[PDB]
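Only one chain is included here, represented as structure tokens and corresponding to the form solved without its partner chain.
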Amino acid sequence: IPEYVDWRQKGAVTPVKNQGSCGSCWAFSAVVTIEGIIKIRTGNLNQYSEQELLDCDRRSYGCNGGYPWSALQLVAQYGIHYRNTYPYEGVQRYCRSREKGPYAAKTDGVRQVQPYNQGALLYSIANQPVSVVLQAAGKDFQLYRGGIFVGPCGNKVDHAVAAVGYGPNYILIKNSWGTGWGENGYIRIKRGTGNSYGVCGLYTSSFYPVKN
């Protein structure tokens, strides 16, 4: 695997979104991984619906959090519509899949990366965008405005984000707090320090869709 990976540069990543005041990060995270794998496998770059997972994943808790792996499982079971056909509202509603016509994409399964392993995480990113969790509740993570983030932060993971690249010393993360946070909505988190949890517990729980 390359020294540098940036899926944004490769055309596999859509504009940064803002989840607003709804703890819909799980759905935002899952959707980056779907936009990424459809681009990789078809060549087409589309945006898909976070709102649809929010409404329809009843394993998850709407605006109160949820599971990127449950959302990924849903897109493998049923599929997902374009963002355009099912736009974000930042509130949980009725699942309206049914009323929007056929799904626009569907995957062939979900896999989990071996936890607590930087190497296994980096080999995944080299292949496609991956969904990861980290502790976002610390003031330092919240007030970040740029540079390689080294903490401080614990490992009480509470936020789902998408890893879209890496370099020699960082893992490149796409957040869902709009442009106004980090480096135009992105964070570079330090890697390669020998910490097994990863900085802000980044190697805790990482999944990605499979598409044949």
Second form
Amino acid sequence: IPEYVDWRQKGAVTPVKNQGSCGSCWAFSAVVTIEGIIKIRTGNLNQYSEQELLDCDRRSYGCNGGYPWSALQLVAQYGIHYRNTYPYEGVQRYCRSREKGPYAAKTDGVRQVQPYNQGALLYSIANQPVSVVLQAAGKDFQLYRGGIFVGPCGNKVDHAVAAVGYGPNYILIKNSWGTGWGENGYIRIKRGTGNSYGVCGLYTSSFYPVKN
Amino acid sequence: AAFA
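Got the form solved without its partner chain; could you also share the form deposited with its partner chain bound?
Full assembly next; the chain just shown is listed first.
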């Protein structure tokens, strides 16, 4: 369980993206999750469509609300297309999955990490990236243009992102905003403080598919 | 509630 875990230089995460004026956090976080695992075994890095997840997942409320843990489940159940055969537009619409044709990616299950346990988060993040939530409605996290976020912030979780590494002290997160935020679309939050919930409630509820 |  290395002292350092970066999947970027591991060839697991692709360039950064933006959800835009679309409250669709959840589908983006997922595509990165599934994505990671998909490349971890096969040795093939891919960019899947979040747009599809939006238009297809009726359980989620597309362009403004969702469950990073429906998306995944969805995929495993059905599947998910490339981000070319289903590029992101930013507006929820009619499911094209079927109309689009044969799927391209399809997992083999979804599991959740025991909330409120850093030790647990890491491990999984060590075996493969994960979808995690937190407080973004933040007025500080909103302004982050590079650094180690300690706060201030709260325990009112409401935005989903992704963890793509950690250090002895900083946890790495991929944001669904442009590369005109944090440190090039990236933000480092601090771990090991005692805060069980985890600063910004980053330890509330996390997840991930399964792959054979 | 749903994450936006």
